[PDB]
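Participant: Residue strings, one per chain:
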Amino acid sequence: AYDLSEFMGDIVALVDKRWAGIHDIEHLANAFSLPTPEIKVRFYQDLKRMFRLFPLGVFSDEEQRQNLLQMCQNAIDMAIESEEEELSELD
Amino acid sequence: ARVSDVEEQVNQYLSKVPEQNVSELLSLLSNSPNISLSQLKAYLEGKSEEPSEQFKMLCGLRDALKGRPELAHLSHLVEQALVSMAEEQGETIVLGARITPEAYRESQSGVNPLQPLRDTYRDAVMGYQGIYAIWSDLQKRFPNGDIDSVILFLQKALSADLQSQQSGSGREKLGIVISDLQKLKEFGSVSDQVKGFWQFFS
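As given, the protein sequences belong to chains C and A, one line each in that order. If you're matching positions, the first sequence starts at 2 in the authors' numbering and goes up one per residue. Numbers 78 to 96, 101 to 283, taken from the authors' numbering, label the letters of the second sequence in order.
Next comes chain C alone, as it looks inside the complex:
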């Protein structure tokens, strides 16, 4: 059970973090328990896009806004690589 008010609370806490990092973003995704690597890549693309359209008011600093959007970007890159690794071997 991942309530809407819970996810909004995770976002509030994420945007409140000074110098968030890549795991703080993956934490958000795990709460959704996404069943597939390509859906996870989508998640991070659509997340970054969402955060990037947020008004400047909700963030602490333009620097923390940029940091947060850079970590999203690193998360998308991580998710892509991970998608590739799963497809890199036949088994």
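Since the hints were made in silico from the structure, they are not lab data. Nothing false has been slipped in among the hints.
Facing chain A, from chain C, some residues (calculated, C-beta under 7 Å): (1) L5; (2) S6; (3) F8; (4) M9; (5) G10; (6) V13; (7) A14; (8) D17; (9) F33; (10) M51; (11) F55; (12) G58; (13) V59.
What the simulated footprint calls covered on chain A by chain C, stretch by stretch (three residues with Cβ under 8 Å from a Cβ of chain C suffice, anywhere in the stretch; the number is not a length): (14) 210 to 218; (15) 269 to 280.
Here are the simulated DSSO-like pairs of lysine-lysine, each with C-alpha atoms no more than 27 Å apart in a straight line: (16) C:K18 / A:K264; (17) C:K18 / A:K221; (18) A:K237 / A:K254; (19) A:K237 / A:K264; (20) A:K221 / A:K254; (21) A:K266 / A:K221; (22) A:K266 / C:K18; (23) C:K49 / A:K276; (24) C:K18 / A:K276; (25) C:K18 / A:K254; (26) A:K266 / C:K49; (27) C:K49 / A:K264.
Idealized CB from N, CA, C, for every residue including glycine.
With chain C's structure known, arrange chain A on it following the hints.
Facilitator: Quick look at chain A alone, frame taken from chain C:
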């Protein structure tokens, strides 16, 4: 002694909401003189959740017992109770008395109840834990209420606090709650986008 102190602050605030079970508890207590302090305290907890109200009734009982010394003692307990509350709960009591008038008004509309209002103010002043904690507590307390109106209620109340406060850390800590509540208001503005995302991926 410390009891007079807290009592002084309580009535200054709580005369504005004139709202006498003191009789009903007289007779209930007169019958069965064989009570512990922990029974008395639990009884009052049952009568009201709010510490300032429990405190208040005890001051009422201490008084109505001015005329009923019929070896009606274990009124000794009433003063033991009062001292426990003043020493252990003074600040909680005073904060609850202070916010009662405002909380009562806000509770009027049916939608935001009195006690979660009181509690919310009190926790913001006495053990604030950050913006995530206060958000989570708002949601837990007001799941069918108007959380926007709660935030407003809190901003008004904390801003008044700030007018009479001015020393240092109390003042800083009030400011931080206030800024956090300002941010929760900013975030409201993005609630439909967040829902859109949440709905796709959940």
